[PDB]
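Visitor: Single-letter residue listing:
4 protein chains.
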Amino acid sequence: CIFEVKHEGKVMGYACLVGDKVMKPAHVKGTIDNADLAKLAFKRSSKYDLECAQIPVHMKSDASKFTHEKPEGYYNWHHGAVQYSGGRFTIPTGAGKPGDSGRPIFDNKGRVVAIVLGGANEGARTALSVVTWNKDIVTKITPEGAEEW
Amino acid sequence: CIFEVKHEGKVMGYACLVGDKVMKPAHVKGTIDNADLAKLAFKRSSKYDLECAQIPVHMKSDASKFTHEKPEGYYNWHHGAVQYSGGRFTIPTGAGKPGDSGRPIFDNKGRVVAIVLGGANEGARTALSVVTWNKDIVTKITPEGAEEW
Amino acid sequence: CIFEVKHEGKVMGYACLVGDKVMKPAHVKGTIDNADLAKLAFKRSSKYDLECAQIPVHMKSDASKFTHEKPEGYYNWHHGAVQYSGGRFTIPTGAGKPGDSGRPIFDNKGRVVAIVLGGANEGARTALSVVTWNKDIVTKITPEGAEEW
Amino acid sequence: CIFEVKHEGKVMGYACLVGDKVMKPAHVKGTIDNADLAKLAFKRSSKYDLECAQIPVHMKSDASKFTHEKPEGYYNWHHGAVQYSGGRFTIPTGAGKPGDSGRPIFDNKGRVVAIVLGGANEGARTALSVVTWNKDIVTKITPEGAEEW
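Chains as they are written, first to last, in the entry's author numbering: chain K, 113 to 261; chain I, 113 to 261; chain L, 113 to 261; chain J, 113 to 261.
Do not rely on the hints blindly, as some may be mistaken.
[As the list claims (entries may be wrong)] Listed next, with one range per pair, are the computed distances between beta-carbon atoms:
{"#": "1", "chain 1": "J", "residue 1": "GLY199", "chain 2": "I", "residue 2": "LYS141", "range": "55 to 63 angstroms"}
{"#": "2", "chain 1": "I", "residue 1": "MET171", "chain 2": "K", "residue 2": "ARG156", "range": "57 to 65 angstroms"}
{"#": "3", "chain 1": "L", "residue 1": "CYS113", "chain 2": "K", "residue 2": "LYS159", "range": "17 to 25 angstroms"}
{"#": "4", "chain 1": "J", "residue 1": "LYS221", "chain 2": "K", "residue 2": "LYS133", "range": "49 to 57 angstroms"}
{"#": "5", "chain 1": "L", "residue 1": "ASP145", "chain 2": "I", "residue 2": "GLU181", "range": "55 to 63 angstroms"}
{"#": "6", "chain 1": "K", "residue 1": "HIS180", "chain 2": "I", "residue 2": "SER158", "range": "50 to 58 angstroms"}
{"#": "7", "chain 1": "I", "residue 1": "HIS119", "chain 2": "K", "residue 2": "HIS190", "range": "34 to 42 angstroms"}
Calculated directly from the structure, the hints in this document are not laboratory data.
Backbone N, C-alpha and C define an ideal beta-carbon position, used for all residues, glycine too.
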């Protein structure tokens with residue numbers, strides 16, 4: 113489900129197969145390091161800093177579902193455990209760096225809960241700037257002073 | 113409840129006694145291999161790719177009830193266990209082939225939950241294209257790129 | 113640091129990441145079997161039979177440094193041990209064949225000392241024709257009667 | 113000796129290095145998944161549904177010889193054992209599917225005896241439609257009602 117965006121042979125961010133679309137932050141330079149994915153036609157959306165396309169039938173079995181359901185508590189992500197509370201995802205400052213955009217924040221049942229776009233450093237912890245699902249529709253939460261990863 | 117459609121002495125699909133009607137996919141060539149059923153008058157419906165008729169009184173005891181109730185989880189079908197989630201029934205790719213249309217997807221109490229029409233291959237798993245009951249009325253879910261079995 | 117030049121799916125010579133450039137003998141037919149390297153713009157130099165380009169930032173950590181420092185004694189190369197003396201690198205005749213151009217001659221600390229271009233057969237031993245660093249600048253030593261590998 | 117024809121990243125059939133030519137069924141869509149082989153110039157022949165070219169010198173050691181000698185008995189092929197008798201190769205129906213064209217039928221000494229093109233289903237067993245060598249010249253046996261794999 114996770115695929116890496118490469119630019120001049122260097123990993124810039126990530127791309128993710130969520131739902132039935134193929135996502136990757138718009139700000140990320142490079143092209144998805146996967147033939148099938150790279151040749152697609154993406155629809156940019158500067159409001160959401162998102163850039164989606166549709167998953168080829170032969171990879172649709174490889175998507176990851178996400179959910180609007182996110183109760184205060186701890187979530188899972190590649191670098192460790194994210195913490196959700198007060199309508200804000202945070203992590204120990206230092207555990208997320210530029211080039212981590214696109215990485216999903218799963219819950220304990222595997223449902224993708226949000227997709228990291230960048231983070232604002234507010235001391236001990238960094239409030240993440242994520243793309244999250246509302247009642248049904250996509251949304252974007254960007255803490256004051258975020259640094260787009 | 114399940115009866116086979118034969119064409120030039122060859123099984124093409126199936127027919128099923130659900131509710132008080134006798135179903136069989138419209139696209140299936142052949143005639144139900146059962147005297148009583150074969151001589152009936154079916155009403156085609158190209159939107160639903162369905163073709164129903166009414167069950168003779170002497171076979172009505174042989175029908176299968178179906179239900180709108182289908183919670184995420186595993187369902188039963190002739191080739192194994194179907195999986196329901198995200199409003200989509202799926203199976204391990206390869207476990208469903210042309211000539212499986214008409215076959216019901218039962219739950220653990222025997223209630224028919226959907227009727228297979230075909231499936232779209234999306235890699236590891238195939239999203240089934242089924243006829244399913246809504247609040248009260250019939251409906252048809254057809255995943256993008258389905259191959260009508 | 114070593115990459116192979118392929119021609120019609122056949123290894124012709126080699127390419128090497130020395131200093132901050134990407135080298136490969138000019139006489140070698142084919143294109144470097146590496147996406148990042150292949151798409152580069154090389155500057156040919158018929159005097160040196162050299163053909164250099166610049167190493168992409170993401171591979172610069174993969175270069176090999178070389179040195180002008182080469183005291184009489186034995187050096188290391190893929191096929192064994194080269195011998196340096198009298199201002200000439202030599203090897204047991206037979207241990208170097210066409211398709212060995214581009215291969216570096218390291219010392220015991222890993223510094224690339226010269227790059228093989230071909231060799232002249234003078235009996236028991238073959239005097240190598242190499243590209244070597246002088247005080248600071250590149251140079252090319254070609255023994256009388258060299259056979260360009 | 114066996115190489116796979118890919119189409120839109122999907123294996124459609126096979127290509128085989130027999131004698132001194134490089135074969136692949138004409139009906140197979142895609143291009144041989146091998147640089148050296150892909151860039152060749154093939155000569156189509158619609159009568160034989162064959163499409164041959166010549167093996168590059170560097171792969172000629174990789175060809176497979178074939179033989180006109182084929183006595184009634186069992187032959188070997190990737191999915192099992194083929195049976196030859198009455199001038200017809202057959203297999204248990206189901207053991208050969210679309211995408212098996214190009215696959216050779218070897219004997220016990222490795223000599224390629226025929227090359228599968230498709231098969232006609234005649235019940236328990238399927239009569240294969242193959243390309244086979246006569247006294248010296250190529251030939252094609254196609255059982256009535258063959259389904260080109």
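Visitor: Which numbered hints turn out to be false for this structure?
Guide: 1, 3, 6, 7
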